[PDB]
Amino acid sequence: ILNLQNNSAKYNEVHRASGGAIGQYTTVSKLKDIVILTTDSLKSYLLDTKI
Amino acid sequence: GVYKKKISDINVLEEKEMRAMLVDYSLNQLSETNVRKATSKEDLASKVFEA
Amino acid sequence: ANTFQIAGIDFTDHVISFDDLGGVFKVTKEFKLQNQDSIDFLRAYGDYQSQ
Amino acid sequence: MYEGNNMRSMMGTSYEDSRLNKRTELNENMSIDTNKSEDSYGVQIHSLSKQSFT
Amino acid sequence: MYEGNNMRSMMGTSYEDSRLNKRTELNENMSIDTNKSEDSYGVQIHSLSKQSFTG
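Chains as they are written, first to last, in the authors' numbering: chain U, 205 to 255; chain P, 154 to 204; chain D, 256 to 306; chain L, 1 to 54; chain W, 1 to 55.
These are calculated hints, taken from the structure and not from any lab test. One or more hints might be untrue.
Said to hold, decoys possible - The calculated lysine-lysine pairs, modelled on BS3-like cross-linking and capped at a C-alpha distance of 30 Å, are:
#	chain 1	residue 1	chain 2	residue 2
1	D	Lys284	P	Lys158
2	W	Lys36	P	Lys159
3	L	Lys36	P	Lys200
4	W	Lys50	P	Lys190
5	W	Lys36	L	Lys50
6	W	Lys22	P	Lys158
7	U	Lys236	U	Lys214
8	W	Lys22	L	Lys50
9	P	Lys169	W	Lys36
10	P	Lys200	U	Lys254
11	P	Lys194	L	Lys22
12	W	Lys22	W	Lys36
13	D	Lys281	P	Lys159
14	U	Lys247	L	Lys22
15	U	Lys234	U	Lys247
16	P	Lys194	U	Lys247
17	L	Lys36	P	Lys157
18	P	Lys157	P	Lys200
19	P	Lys194	U	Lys254
20	W	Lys36	L	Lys36
21	P	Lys169	L	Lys22
22	L	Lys50	P	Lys158
23	P	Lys194	W	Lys36
24	L	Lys50	P	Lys200
25	L	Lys36	P	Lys190
26	L	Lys50	U	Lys254
27	W	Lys36	P	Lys200
28	P	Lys169	D	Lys287
29	L	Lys50	U	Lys236
30	U	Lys247	L	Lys36
31	P	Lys200	W	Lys22
32	P	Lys169	P	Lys194
To be verified - Restraint ranges, calculated between C-beta atoms of paired labels, are given here:
#	chain 1	residue 1	chain 2	residue 2	range
33	D	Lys284	W	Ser18	39 to 45 Å
34	P	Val188	L	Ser18	44 to 50 Å
35	P	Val188	D	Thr258	35 to 41 Å
36	U	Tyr215	L	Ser18	55 to 61 Å
37	W	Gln51	L	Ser31	41 to 47 Å
Ideal Cβ placement from N, Cα and C applies to all residues, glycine included.
Just chain U, same shape as in the assembly:
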């Protein structure tokens, strides 16, 4: 999550899109926009072990 909110051409898959094979596309994310997706078991493993 600390990677994604830097100015980088990485971390996207715009090379799978049409014109994105050559050239560059840099982007960021706002951290009010990133959401993560796991199980509820890993949610429990957060809420009991680390935090």
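Chain U is fixed; fit chains P, D, L and W onto it per the hints.
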């Protein structure tokens, strides 16, 4: 005293019989998608926390 | 106890807990009463109707 | 462009998009009110109620 | 609905209800104010009283 024990035994038999009924329900009544398999008492606390 | 910040996590308010989860008995095969000490043992707990 | 008389039967009025009646809305809250275990600590033990049915 | 008399000792005025006294309740508190393990942390002994318990 015999009157108060003849009302207290009502309480203890009612809680014991109803405890018996939901434990008896917790065997041989509900299917394998409900039941999960733990292994220890130092397990089954994480497993109830994800449960 | 052994962990540090669980300020909304401690779910102990929903824990109905007993010393042992069984003292009860269920008949599955049917029969008749023949022993006299069995009658005395039943009415030792108050089952006077049993002959 | 075509004028005609665009008022017609239920299919003639459907293409100007009949009114949004129900909303398949989230009033029962998933992942806000529910999917929480962040609200449990205090020692005020077993004060829970069985509601009635309908 | 039917008016009748409604009167007998039992099965009239005894068939539909009786006087209620007590529903075999929790007054001695199990798992609310007793079944406690939530006690204090400090200097210690003598929270141990004795009644006569003769009745």
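Checked hints:
1. D/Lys284 <-> P/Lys158: 33 Å, violated
2. W/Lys36 <-> P/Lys159: 26 Å, holds
3. L/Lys36 <-> P/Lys200: Within the cut-off at roughly 16 Å; holds.
4. W/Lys50 <-> P/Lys190: 47 Å, violated
5. W/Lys36 <-> L/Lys50: 23 Å, holds
6. W/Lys22 <-> P/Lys158: 14 Å, holds
7. U/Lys236 <-> U/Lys214: 20 Å, holds
8. W/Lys22 <-> L/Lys50: 21 Å, holds
9. P/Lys169 <-> W/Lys36: 20 Å, holds
10. P/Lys200 <-> U/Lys254: 16 Å, holds
11. P/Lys194 <-> L/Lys22: Not OK: P/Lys194 and L/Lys22 at ~49 Å, beyond 30 Å, violated.
12. W/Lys22 <-> W/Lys36: The hint holds at about 26 Å.
13. D/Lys281 <-> P/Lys159: Roughly 24 Å separates the two Cα atoms, so the pair holds.
14. U/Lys247 <-> L/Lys22: Not OK: U/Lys247 and L/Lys22 at ~34 Å, beyond 30 Å, violated.
15. U/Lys234 <-> U/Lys247: Judged against 30 Å, a Cα distance of about 23 Å means the pair holds.
16. P/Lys194 <-> U/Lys247: At roughly 21 Å apart (the allowed maximum being 30 Å), U/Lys247 and P/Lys194 satisfy the hint.
17. L/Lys36 <-> P/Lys157: Violated, at about 44 Å.
18. P/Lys157 <-> P/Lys200: 43 Å, violated
19. P/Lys194 <-> U/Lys254: OK: P/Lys194 and U/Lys254 at ~21 Å, within 30 Å.
20. W/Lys36 <-> L/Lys36: Cα-Cα ~26 Å, so holds.
21. P/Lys169 <-> L/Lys22: 49 Å, violated
22. L/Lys50 <-> P/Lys158: Holds, at about 29 Å.
23. P/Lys194 <-> W/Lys36: It holds: about 22 Å lies between the C-alpha atoms, which stays within 30 Å.
24. L/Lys50 <-> P/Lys200: 26 Å, holds
25. L/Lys36 <-> P/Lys190: 24 Å, holds
26. L/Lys50 <-> U/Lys254: With Cα atoms ~35 Å apart, L/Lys50 and U/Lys254 exceed 30 Å; violated.
27. W/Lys36 <-> P/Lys200: 25 Å, holds
28. P/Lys169 <-> D/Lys287: Cα-Cα ~26 Å, so holds.
29. L/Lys50 <-> U/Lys236: Violated. L/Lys50 to U/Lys236 sits at ~39 Å, over the 30 Å cutoff.
30. U/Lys247 <-> L/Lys36: Holds, at about 11 Å.
31. P/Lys200 <-> W/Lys22: Answer violated: P/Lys200 to W/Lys22 is near 41 Å, above 30 Å.
32. P/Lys169 <-> P/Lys194: Holds, because 24 Å separates the two Cα atoms, which is no more than 30 Å.
33. D/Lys284 <-> W/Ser18: 39 to 45 Å: Holds, since D/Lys284 and W/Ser18 (Cβ atoms, about 40 Å apart) stay within the stated range.
34. P/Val188 <-> L/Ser18: 44 to 50 Å: 49 Å, holds
35. P/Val188 <-> D/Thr258: 35 to 41 Å: Once the Cβ atoms are compared, 28 Å apart, the range 35 to 41 Å for D/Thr258 and P/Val188 is violated.
36. U/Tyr215 <-> L/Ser18: 55 to 61 Å: Between U/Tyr215 and L/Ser18, where Cβ atoms are some 44 Å apart, the hint is violated.
37. W/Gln51 <-> L/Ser31: 41 to 47 Å: 54 Å, violated
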